[PDB]
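Take a look at this single chain in structure tokens; it is the form deposited without the partner chain.
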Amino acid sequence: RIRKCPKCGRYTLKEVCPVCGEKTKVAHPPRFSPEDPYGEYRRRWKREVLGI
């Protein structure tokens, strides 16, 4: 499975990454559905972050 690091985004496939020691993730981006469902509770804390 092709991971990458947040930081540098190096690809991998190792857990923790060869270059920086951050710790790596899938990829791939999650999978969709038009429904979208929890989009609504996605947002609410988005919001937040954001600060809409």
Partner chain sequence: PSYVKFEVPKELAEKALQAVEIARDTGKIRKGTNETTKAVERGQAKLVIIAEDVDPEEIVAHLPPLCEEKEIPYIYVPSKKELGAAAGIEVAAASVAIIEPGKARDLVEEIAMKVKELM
The other form holds:
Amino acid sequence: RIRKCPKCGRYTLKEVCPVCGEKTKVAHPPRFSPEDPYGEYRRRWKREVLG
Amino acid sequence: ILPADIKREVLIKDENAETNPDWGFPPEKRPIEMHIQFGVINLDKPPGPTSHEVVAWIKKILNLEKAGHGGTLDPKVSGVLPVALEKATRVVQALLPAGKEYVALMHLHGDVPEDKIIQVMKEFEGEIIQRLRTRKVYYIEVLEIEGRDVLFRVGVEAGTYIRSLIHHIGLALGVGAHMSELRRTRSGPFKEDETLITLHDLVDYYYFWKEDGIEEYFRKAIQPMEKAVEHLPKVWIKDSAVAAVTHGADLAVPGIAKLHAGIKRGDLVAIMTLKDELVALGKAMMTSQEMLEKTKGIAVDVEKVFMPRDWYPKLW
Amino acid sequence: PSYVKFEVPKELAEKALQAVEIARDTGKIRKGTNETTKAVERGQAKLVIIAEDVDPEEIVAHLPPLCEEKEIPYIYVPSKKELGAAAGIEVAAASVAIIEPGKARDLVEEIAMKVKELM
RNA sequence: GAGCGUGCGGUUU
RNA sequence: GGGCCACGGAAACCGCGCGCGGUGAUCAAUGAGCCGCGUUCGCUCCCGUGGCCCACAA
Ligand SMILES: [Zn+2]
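For comparison with the form deposited without the partner chain, produce the structure of the form deposited with the partner chain bound.
Time for the whole complex; same chain goes first.
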């Protein structure tokens, strides 16, 4: 439910930054498992976004 | 605005003192292994785990043996959880006292006008009492209100229970209230910034470094322990004093180069080298004006020594 | 977003929702990211469908790289709300994988053709 | 042993 | 004698919760309910054991 403007850094329940107008995203980090079953594959997707 | 945000004057005691580049390792000069031994992770805790589990995980994944977190976050709560690695572990004792900021989602049990809500929330700025102790609310800001939902930011003394605070707001309004969502946005010097890293980034950065050979992103994942002490008053010492204080020698006046103004007796102070390395943590035995005018005497009782004893020569 | 390893025609996305719509009350599909993934892992997934507005990305982003390893066709659809509704459930689904095709066996063979083209 | 930090709460030696 | 650093001042089992594997649902598929396996950090003062120093910064 709690969201955040990726540009202003504003906190909000809305999907549009009422400060800047950008689309907002969920304030919480993704849930993580100490087993990380798909770490192998996330990393592949991640390396591409980076080089 | 929290107390740690105050700007500090820097008084200069020895204008001529410079530092020898061949002694010590300034933060951005530490080989990555050494960067970890004295590292502090600015962690964004996920919903679900306890702060302690999160720390056990990190210890397992990065193959460490020591690591303690700062102010404990509850399982359901997310956000800023400072995590101190290895030989940096104890710096956490300097985080524990500093103020916190949260963004909270309070859900009312009755219907209240937006004006009453805000008007009433802003009574709580000041002192409060929670079951039997007395904590402080530095500020309350109501972001937005959707009927029964109230999103607000709050700034507190450490040791303040938001859950409990929300309850008291429920009661002041009469209809009652409960916390449906909490996120910590700042703990002492740790804020939500480009250093604030999730577990996925952290373990991935680790494997890019360990398995790919790219130490870069992992180095950004870790901050120097000097970070953990940015909100503290500082006294900077000459090289000739550094090995002595790392040996449990207390810091006398003649070792000072530069200090913060405003230091009062008993205050907790970081002791830094001129390369801005954290040497020790200690307690003032003089105010700032005393340390300056004086020329002999104990200025700081050294209590916790972080810097290793071989980084600087024993110039005594 | 970033997990979206390619664009998709408008008429093509509507195609995908047609198959799952069919292959459920007829064939055998598996909805929900956790089921869809088990499917790929086991290699019984014929075509994986991925919603585009999944937040956070880490939820579905392991899928496109997984399908590569398993050489299984995967397509994107606009909405996790409509992808859900189109799977016999009134919730939302970030990820579906038709294990076994229905009336849409041809329509499915048609899509692998157009994804292979989009890489 | 006294404690703290919000995270823990119950049986026993 | 004093300071600093290191180690030592218990162990086990259950419960919520959480996490994994399985199943996959009559607005939780970003995973219900059930079954199984797992799962919790450090700090501060004080006292013992040991190590390094006794250094007003030259
Ligand atoms: Zn923003």
